[PDB]
Amino acid sequence: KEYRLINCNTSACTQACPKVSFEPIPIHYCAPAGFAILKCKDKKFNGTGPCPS
Amino acid sequence: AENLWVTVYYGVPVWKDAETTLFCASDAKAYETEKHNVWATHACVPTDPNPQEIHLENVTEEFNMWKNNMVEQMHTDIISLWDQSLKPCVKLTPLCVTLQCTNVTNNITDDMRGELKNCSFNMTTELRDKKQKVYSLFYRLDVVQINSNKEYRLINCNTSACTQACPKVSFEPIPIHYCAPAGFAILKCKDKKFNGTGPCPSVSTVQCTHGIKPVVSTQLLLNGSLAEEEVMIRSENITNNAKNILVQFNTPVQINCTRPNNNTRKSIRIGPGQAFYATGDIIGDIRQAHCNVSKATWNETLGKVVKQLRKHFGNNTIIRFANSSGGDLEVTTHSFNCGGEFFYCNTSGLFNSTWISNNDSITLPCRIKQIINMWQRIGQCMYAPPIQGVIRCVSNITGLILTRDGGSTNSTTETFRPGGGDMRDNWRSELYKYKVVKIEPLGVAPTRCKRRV
Amino acid sequence: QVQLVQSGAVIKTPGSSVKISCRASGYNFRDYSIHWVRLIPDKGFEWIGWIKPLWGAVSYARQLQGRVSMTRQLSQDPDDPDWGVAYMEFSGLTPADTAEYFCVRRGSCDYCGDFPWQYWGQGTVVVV
Amino acid sequence: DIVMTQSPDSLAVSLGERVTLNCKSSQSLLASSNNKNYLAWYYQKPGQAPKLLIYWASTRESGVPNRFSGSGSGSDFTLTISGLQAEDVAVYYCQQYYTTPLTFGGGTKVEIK
Amino acid sequence: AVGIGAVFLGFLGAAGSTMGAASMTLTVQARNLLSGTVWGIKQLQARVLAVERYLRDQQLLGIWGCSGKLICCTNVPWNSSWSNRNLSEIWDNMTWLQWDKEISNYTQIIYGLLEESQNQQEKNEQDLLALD
Amino acid sequence: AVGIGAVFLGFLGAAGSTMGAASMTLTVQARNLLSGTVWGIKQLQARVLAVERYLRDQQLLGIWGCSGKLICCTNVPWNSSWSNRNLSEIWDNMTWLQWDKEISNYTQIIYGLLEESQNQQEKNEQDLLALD
Amino acid sequence: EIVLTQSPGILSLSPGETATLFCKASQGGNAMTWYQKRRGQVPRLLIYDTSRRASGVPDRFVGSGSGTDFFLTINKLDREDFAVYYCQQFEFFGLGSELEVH
Ligand SMILES: *[C@@H]1O[C@H](CO)[C@@H](O[C@@H]2O[C@H](CO)[C@@H](O[C@@H]3O[C@H](CO[C@H]4O[C@H](CO)[C@@H](O)[C@H](O)[C@@H]4O)[C@@H](O)[C@H](O[C@H]4O[C@H](CO)[C@@H](O)[C@H](O)[C@@H]4O)[C@@H]3O)[C@H](O)[C@H]2NC(C)=O)[C@H](O)[C@H]1NC(C)=O
Ligand SMILES: *[C@@H]1O[C@H](CO)[C@@H](O[C@@H]2O[C@H](CO)[C@@H](O[C@@H]3O[C@H](CO)[C@@H](O)[C@H](O[C@H]4O[C@H](CO)[C@@H](O)[C@H](O)[C@@H]4O)[C@@H]3O)[C@H](O)[C@H]2NC(C)=O)[C@H](O)[C@H]1NC(C)=O
Ligand SMILES: *[C@@H]1O[C@H](CO)[C@@H](O[C@@H]2O[C@H](CO)[C@@H](O[C@@H]3O[C@H](CO)[C@@H](O)[C@H](O[C@H]4O[C@H](CO)[C@@H](O)[C@H](O)[C@@H]4O)[C@@H]3O)[C@H](O)[C@H]2NC(C)=O)[C@H](O)[C@H]1NC(C)=O
Ligand SMILES: *[C@@H]1O[C@H](CO)[C@@H](O[C@@H]2O[C@H](CO)[C@@H](O[C@@H]3O[C@H](CO)[C@@H](O)[C@H](O)[C@@H]3O)[C@H](O)[C@H]2NC(C)=O)[C@H](O)[C@H]1NC(C)=O
Ligand SMILES: *[C@@H]1O[C@H](CO)[C@@H](O[C@@H]2O[C@H](CO)[C@@H](O)[C@H](O)[C@H]2NC(C)=O)[C@H](O)[C@H]1NC(C)=O
Ligand SMILES: *[C@@H]1O[C@H](CO)[C@@H](O[C@@H]2O[C@H](CO)[C@@H](O)[C@H](O)[C@H]2NC(C)=O)[C@H](O)[C@H]1NC(C)=O
Ligand SMILES: *[C@@H]1O[C@H](CO)[C@@H](O[C@@H]2O[C@H](CO)[C@@H](O)[C@H](O)[C@H]2NC(C)=O)[C@H](O)[C@H]1NC(C)=O
Ligand SMILES: *[C@@H]1O[C@H](CO)[C@@H](O[C@@H]2O[C@H](CO)[C@@H](O)[C@H](O)[C@H]2NC(C)=O)[C@H](O)[C@H]1NC(C)=O
Ligand SMILES: *[C@@H]1O[C@H](CO)[C@@H](O[C@@H]2O[C@H](CO)[C@@H](O)[C@H](O)[C@H]2NC(C)=O)[C@H](O)[C@H]1NC(C)=O
Ligand SMILES: *[C@@H]1O[C@H](CO)[C@@H](O[C@@H]2O[C@H](CO)[C@@H](O)[C@H](O)[C@H]2NC(C)=O)[C@H](O)[C@H]1NC(C)=O
Ligand SMILES: *[C@@H]1O[C@H](CO)[C@@H](O[C@@H]2O[C@H](CO)[C@@H](O)[C@H](O)[C@H]2NC(C)=O)[C@H](O)[C@H]1NC(C)=O
Ligand SMILES: *[C@@H]1O[C@H](CO)[C@@H](O[C@@H]2O[C@H](CO)[C@@H](O)[C@H](O)[C@H]2NC(C)=O)[C@H](O)[C@H]1NC(C)=O
Ligand SMILES: *[C@@H]1O[C@H](CO)[C@@H](O)[C@H](O)[C@H]1NC(C)=O
Ligand SMILES: *[C@@H]1O[C@H](CO)[C@@H](O)[C@H](O)[C@H]1NC(C)=O
Ligand SMILES: *[C@@H]1O[C@H](CO)[C@@H](O)[C@H](O)[C@H]1NC(C)=O
Ligand SMILES: *[C@@H]1O[C@H](CO)[C@@H](O)[C@H](O)[C@H]1NC(C)=O
Ligand SMILES: *[C@@H]1O[C@H](CO)[C@@H](O)[C@H](O)[C@H]1NC(C)=O
Ligand SMILES: *[C@@H]1O[C@H](CO)[C@@H](O)[C@H](O)[C@H]1NC(C)=O
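Chains as they are written, first to last, in the deposited numbering: chain V, 189 to 241; chain C, 31 to 141, 150 to 185, 187 to 309, 312 to 321, 321A, 322 to 398, 411 to 505; chain Q, 1 to 52, 52A, 53 to 76, 76A to 76G, 77 to 82, 82A to 82C, 83 to 100, 100A to 100F, 101 to 111; chain B, 1 to 113; chain D, 512 to 547, 569 to 664; chain U, 512 to 547, 569 to 664; chain R, 1 to 102.
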């Protein structure tokens, strides 16, 4: 009864380094100069059509 | 008329202190060499030696080499640039192998020890089927015995695959000029008696720094910048004992250093386009690598530095010099690179002095390592290939890096140990003059004129 | 967090050579110097010596030279480099050396000097 | 929008000694262009129209003596009193005037214990 | 206040001279302010920092009265609460390195007044053209 | 048309106000238009796109009459085939977001006339200096 | 060597009062460090650089003075704030200023 890994015929499998963690930390996506970012503060806004606020 | 009107002026000469990234530059003769036979020859811009400076009258800026920037930048850049000349090189993955080591063919003395081991091992050939048997010569400091039979291994077989230093690229120092970008300026202190702290009365602006040959030496910093007329000792705070004292003296001390062993570089084929340069025969006598300083001029410079050390410690102070208290190899014994060869030379003959408040030459022995752990990284060692022939080099002892011991319980004396420690004490002895400032135009001032509509 | 954790207390004979370790964890151990300082009853704090653990550069108190010896053991792996072990072999034990010993570290602020010791080990009580 | 949250709900102390109060903002009110910051610290008596105490997040109003200090920049702000009087023991307020809608703090009712 | 002299008169040469004498050499510091496998990124971000700083300073000038004058006068008066010192003891006594510290606190109070006076002068000019 | 008020008056604050009222705050959008191992390339090309756009707009201004005025008048008359609406119903009724759509088709017809009038005024000025 | 001398030594004060602790340096021109050691506990950095407070210490510990005269002023003495206080200059120490409860 001899086995193998399932990925022995597609790739050498890179170990995730135990030093680095996979926890989520919040990203802020900032715009460069000349561009702006608009946020919709409307309550009943389904993500399509005119936002009044 | 007593009402003044404000006016903004552009191009106003006034600066603040700032932290920016200076860029490297080399001389035109340093730019002349090519193909990365040294580090990064075309990465840096060419410039003149002794770049242009103008003097600033009636100006006074306070300097501080200890809270200075751009020694951090030079330290980071020289570490990263040391790393970037190793990616094309050869990893010694197939050489971490069982070494069957016997003694070198020599008249063995049972009291002393042979510093060379003749080690045979299986080496993989350029074909992946056949392996060969090949021998080499290693030092005691590079191999350790794993537990009749006598089989060894390398000391770095459990931490890293050891990148061979490429024999094409050389490790000689070539002077870097650190040039400022637009909007920034660099100020140099031309004052004589300036200890690197406080107001400098005579500064001059300059576009690039003067030439800084990158030397790697823990104790006894070599080929440095000489002082003007007397020995100058420099420290952040004298009474703190955990601060190093950087001693820069006037006339340099000539030191000669040599390996008199005539070696044979022998090539071993690891794989396709993979060559390991090992030691072959020792042609002739098995002699010990060493260095010489002059006895008389070293006693002279020690008298000068005691004369200058008695200014901060009172006149009736007995100044004595003893060797390093302990540590690793390259923090206790003074390290350098004599043309692609890393020496570790014993300084116990130098710092053996006592000083009361009333044709010879010192030989000092050296060890040689072939694998090194520069800057004490976690997984990056470096094999260094052997080089042909007797190797001698001449250098100038420019200064010292001293450290006072923790004097308490009525210290009638104060003693001084040599010590390398951080490399930045080596780098702060060259950028002690300069600082970098941000030039800010658009001053604003009152004068007696309203704009005519 | 930054932790300096020592070995337990010990009872030694007059003339021995005691060894006290100090595992540091939670920071880059190659950066900060480790000081050793003692406390004697009815004598107060006495400084023993520091070590720079990047190369093990030691410096000792003047009246304790020839008796103390400091070494270190770094972390050699690319996965857990945030620990280290300092050592202190204090030899030539007399009954005047009955004291509580401490491995300490400076703070990590930009005006913290070498000697402004923020972090402190729990101390090892040594009775000779 | 911008939430202005005062950290205590009340503060009942004796008279004569100093106190201190805080107002945290959900958004950094420090205007990067003017390099000056936007808090109005108000003071409302029982049954009275309020008055300003601190403008530009640090500066006292005329008619207000030297015993007040608006302090702090960025996002968290501190009104420090130096000496309490009997005329002072009523509700304080913090206000951002950086954007629309103009939102106030919760109102820390300081009285005498 | 310029005379005949053959010395180079270079960048930051009159930084220690009095500010009535460093004003006669302001085109030098204006001139020497712009032109000057991985390291190209460092050099390139240094160059774009240089041109960004030059554009920010030229934009601060341009929203005021002077866009390319390099010496310009305006219509806000010198509030004597700012520096409370005589006119004779600035242009013949102090330097720009020393005058920078004495109004660094009152800086950014002045710049808003400069923009305010320039916007008011622009709308007055627009109305004066409009009534014609 | 400016008054006393303590609110911040920030970038794109008067985008929905009428264009006779957003014209009193134009230095704010002019100010907040320039300053703001692989990712340095993305940040760096974003910064050079910003300074390139600023230079293109300043070049379009500079080849016209105004180089740093931020409100400038010129000598081409408003062709009433472009917008065919009253003066009272633009500065008190509509916004720039709504006026942008109504002359976006007639844009680039106007800019050539602006360059033409500025080149003709430059050569008339050169000839008027030349006859003296 | 820097001989440090602490002047009050044993001082007994009621809780809610203020304490002033004096440290005297034989050589001036340097900073002073203030530690607190409670009974059977690990010492804690209170004050470094003669005025700066450490991380996690309340505001009522006020360091002051210069030259040879160094003051530690505690205001509104808590019950926990009755311990031994030490002044450090570079590697030297005082003999302890015990603060006892009246
Ligand atoms: C402190 O400063 C001194 C002064 O510069 C340094 O001394 C020099 O050190 C370098 C490198 O260590 C020496 O360079 C090497 O010299 C060897 C001796 O040959 C010399 O003499 C012949 C005949 O006159 C010349 O043709 C030759 O150029 C040398 O001047 C050479 O064998 C070496 O050349 C080999 O390696 C290079 C590497 O690229 C190849 O290009 C060559 O073709 C050849 O294979 C090399 O040139 C230099 O000679 C030293 N000068 C003096 C006056 O002694 C110290 O090293 C420095 N201290 C420290 C610690 O750096
Ligand atoms: C740097 O260099 C110094 C000197 O250049 C070097 O110090 C020497 O180290 C050795 C051992 O490392 C010391 O010990 C000697 O070792 C031999 C070995 O058999 C002993 O026999 C010697 O004893 C003789 O001398 C005694 C006293 O005179 C006699 O009582 C005895 O009967 C023997 O005759 C001796 O102990 C040696 O003493 C020192 N040298 C000096 C001057 O102290 C140092 O080790 C080098 N640094 C490093 C890191 O290696
Ligand atoms: C060993 O010597 C060095 C070299 O002098 C010395 O470094 C200096 O430390 C001081 C702090 O001890 C640094 O700070 C300055 O201190 C002076 C005098 O107090 C003032 O100009 C400034 O401090 C003011 O502001 C502080 C906070 O705002 C206040 O707490 C203080 O009371 C003052 O009002 C300034 O910050 C100084 O910059 C360094 N100088 C250098 C060149 O490094 C070091 O402290 C000495 N070691 C010891 C243990 O004293
Ligand atoms: C500074 O100088 C002193 C004085 O020479 C050095 O002390 C000496 O150190 C050596 C080790 O390098 C000692 O040698 C001994 O050799 C025996 C041989 O078997 C070995 O078993 C011992 O463990 C020890 O290695 C020597 O006794 C010692 N001498 C004295 C008087 O202490 C010191 O090493 C020098 N420091 C440096 C950094 O060079
Ligand atoms: C999301 O809401 C929008 C309105 O804002 C809806 O869009 C309109 O839907 C009606 C039919 O219900 C159409 O007659 C309109 O033409 C739509 N307007 C637009 C602008 O699309 C939309 O149907 C909603 N979507 C969902 C998934 O609920
Ligand atoms: C190192 O050891 C090797 C053996 O592994 C020595 O090489 C042999 O030397 C003897 C003596 O002349 C010859 O007869 C053999 O033919 C050699 N064998 C090979 C494979 O070369 C070598 O001489 C030793 N070198 C040193 C410096 O000790
Ligand atoms: C070969 O090297 C070994 C070491 O691996 C030598 O063995 C010891 O060497 C030391 C110093 O060289 C002597 O003090 C010991 O007495 C040696 N051990 C024995 C059991 O004699 C060995 O002497 C070297 N030479 C030979 C010919 O084997
Ligand atoms: C090189 O490889 C050879 C063959 O793989 C090794 O020789 C073997 O050594 C073991 C242990 O002594 C013996 O049991 C085998 O019989 C040997 N095989 C042969 C073919 O000789 C040898 O040890 C390796 N190393 C060196 C230095 O020669
Ligand atoms: C380096 O020189 C400076 C003077 O330029 C010394 O600094 C002064 O030292 C005196 C005491 O001797 C103090 O009273 C001054 O306040 C210091 N001034 C400044 C600006 O720090 C300094 O002590 C010297 N340092 C060394 C190591 O010799
Ligand atoms: C080191 O050894 C080599 C031998 O490999 C010496 O080179 C020989 O030198 C002699 C005369 O000096 C010539 O006749 C030979 O042709 C040389 N042989 C080779 C292979 O180069 C060299 O001289 C020795 N170096 C020293 C300093 O003694
Ligand atoms: C270090 O080496 C230099 C050679 O590079 C020695 O200088 C020579 O000294 C001899 C006398 O001993 C003179 O005849 C030579 O003319 C000198 N040559 C040069 C180039 O200077 C120096 O003496 C050596 N010093 C020591 C301490 O060994
Ligand atoms: C060590 O310093 C000496 C000066 O003390 C250097 O000698 C000078 O070298 C330059 C060119 O390198 C010559 O122009 C001078 O004439 C030399 N002066 C003297 C007095 O010799 C020497 O080059 C330095 N380096 C070494 C390796 O000795
Ligand atoms: C790899 O092996 C598995 C198991 O036999 C098989 O399901 C899969 O298709 C194979 N993949 C390839 C690319 O051969
Ligand atoms: C590697 O082996 C040497 C020799 O046994 C030992 O001293 C060292 O601690 C080892 N390193 C590691 C990371 O195991
Ligand atoms: C030591 O003596 C010298 C005489 O050369 C004098 O200049 C200096 O001031 C003296 N220093 C002290 C501390 O007495
Ligand atoms: C110290 O000096 C003496 C005499 O000069 C010498 O005999 C001794 O070997 C020296 N010490 C060392 C460790 O070399
Ligand atoms: C600016 O503020 C500082 C700190 O309050 C003050 O010392 C300085 O005098 C002020 N500037 C002027 C010109 O008064
Ligand atoms: C511009 O062209 C479009 C498409 O032909 C047209 O609908 C629009 O009305 C034109 N613009 C104006 C202002 O008439």
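Don't read these hints as lab results, they were simulated from the structure. Be a bit skeptical, because a hint or two may be false.
[To be verified] In silico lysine-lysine, DSSO-like type, Cα no more than 30 angstroms apart, as pairs:
| no. | chain 1 | residue 1 | chain 2 | residue 2 |
| --- | --- | --- | --- | --- |
| 1 | B | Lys36 | D | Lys633 |
| 2 | C | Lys59 | C | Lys252 |
| 3 | D | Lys633 | C | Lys231 |
| 4 | D | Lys574 | C | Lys490 |
| 5 | D | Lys574 | C | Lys117 |
| 6 | C | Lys490 | C | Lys227 |
| 7 | B | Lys113 | V | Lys229 |
| 8 | R | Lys76 | B | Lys113 |
| 9 | C | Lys229 | D | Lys601 |
| 10 | U | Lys574 | V | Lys227 |
| 11 | D | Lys601 | U | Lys633 |
| 12 | C | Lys252 | C | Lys171 |
| 13 | D | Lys601 | U | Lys574 |
| 14 | U | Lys574 | D | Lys574 |
| 15 | C | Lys252 | C | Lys421 |
| 16 | C | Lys490 | D | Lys633 |
| 17 | C | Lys97 | D | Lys601 |
| 18 | D | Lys633 | C | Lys502 |
| 19 | C | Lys502 | D | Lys601 |
| 20 | C | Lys351 | R | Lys76 |
| 21 | V | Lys227 | B | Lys51 |
[Unchecked claim] Simulated restraints, written as ranges between beta carbons of each label pair:
| no. | chain 1 | residue 1 | chain 2 | residue 2 | range |
| --- | --- | --- | --- | --- | --- |
| 22 | D | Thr538 | U | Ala512 | 36 to 42 angstroms |
| 23 | C | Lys344 | Q | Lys43 | 37 to 43 angstroms |
| 24 | R | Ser51 | D | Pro609 | 19 to 25 angstroms |
| 25 | B | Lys24 | R | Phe71 | 30 to 36 angstroms |
| 26 | C | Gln82 | R | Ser51 | 25 to 31 angstroms |
| 27 | C | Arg476 | Q | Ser7 | 29 to 35 angstroms |
| 28 | U | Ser599 | C | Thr90 | 36 to 42 angstroms |
| 29 | C | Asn88 | D | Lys574 | 32 to 38 angstroms |
| 30 | C | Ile109 | D | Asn616 | 49 to 55 angstroms |
Note that the Cβ used here is the ideal one computed from N, Cα and C, for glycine as well.
**Q.** Pair hint outcome, C/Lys252 versus C/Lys171 [Cα-Cα no greater than 30 angstroms]
**A.** violated (43 angstroms)
**Q.** Hint consistency between D/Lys601 and U/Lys633 [alpha-carbon to alpha-carbon, up to 30 angstroms]
**A.** violated (38 angstroms)
Q.
Between the alpha carbons of R/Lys76 and B/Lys113, is the straight-line distance 30 angstroms or under?
A. Holds, at roughly 19 angstroms.
Q) Within 30 angstroms, alpha carbon to alpha carbon, are D/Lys574 and C/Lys490? A) holds (18 angstroms)
Q. Under the criterion that the straight-line Cα-Cα distance not exceed 30 angstroms, is the pair V/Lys227, B/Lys51 satisfied?
A. This hinted pair is violated, its Cα atoms lying about 35 angstroms apart.
Q | B/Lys36 paired with D/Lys633 [C-alpha distance capped at 30 angstroms] | A | holds (20 angstroms)
Q: Could you grab the alpha-carbon distance between U/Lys574 and D/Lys574 and see if it respects the 30 angstroms cut-off?
A: holds (14 angstroms)
Q: Could you tell me whether the CB distance from C/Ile109 to D/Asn616 stays inside 49 to 55 angstroms?
A: holds (53 angstroms)
Q: Assess, step by step, whether the Cα of C/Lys97 is no farther than 30 angstroms from the Cα of D/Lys601, and give holds or violated.
A: Violated, because 40 angstroms separates the two Cα atoms, which is more than 30 angstroms.
(Q) What's the verdict on C/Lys490 and C/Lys227, does the C-alpha distance respect the 30 angstroms limit or exceed it? (A) holds (15 angstroms)
**Q.** Satisfaction of the hinted span 36 to 42 angstroms by the C-beta atoms belonging to U/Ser599 and C/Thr90
**A.** holds (41 angstroms)
Q: Take a look at whether the Cβ-Cβ distance between C/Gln82 and R/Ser51 falls inside 25 to 31 angstroms.
A: violated (45 angstroms)
The structure shown violates the earlier hints numbered 7, 9, 11, 12, 13, 17, 20, 21, 24 and 26.
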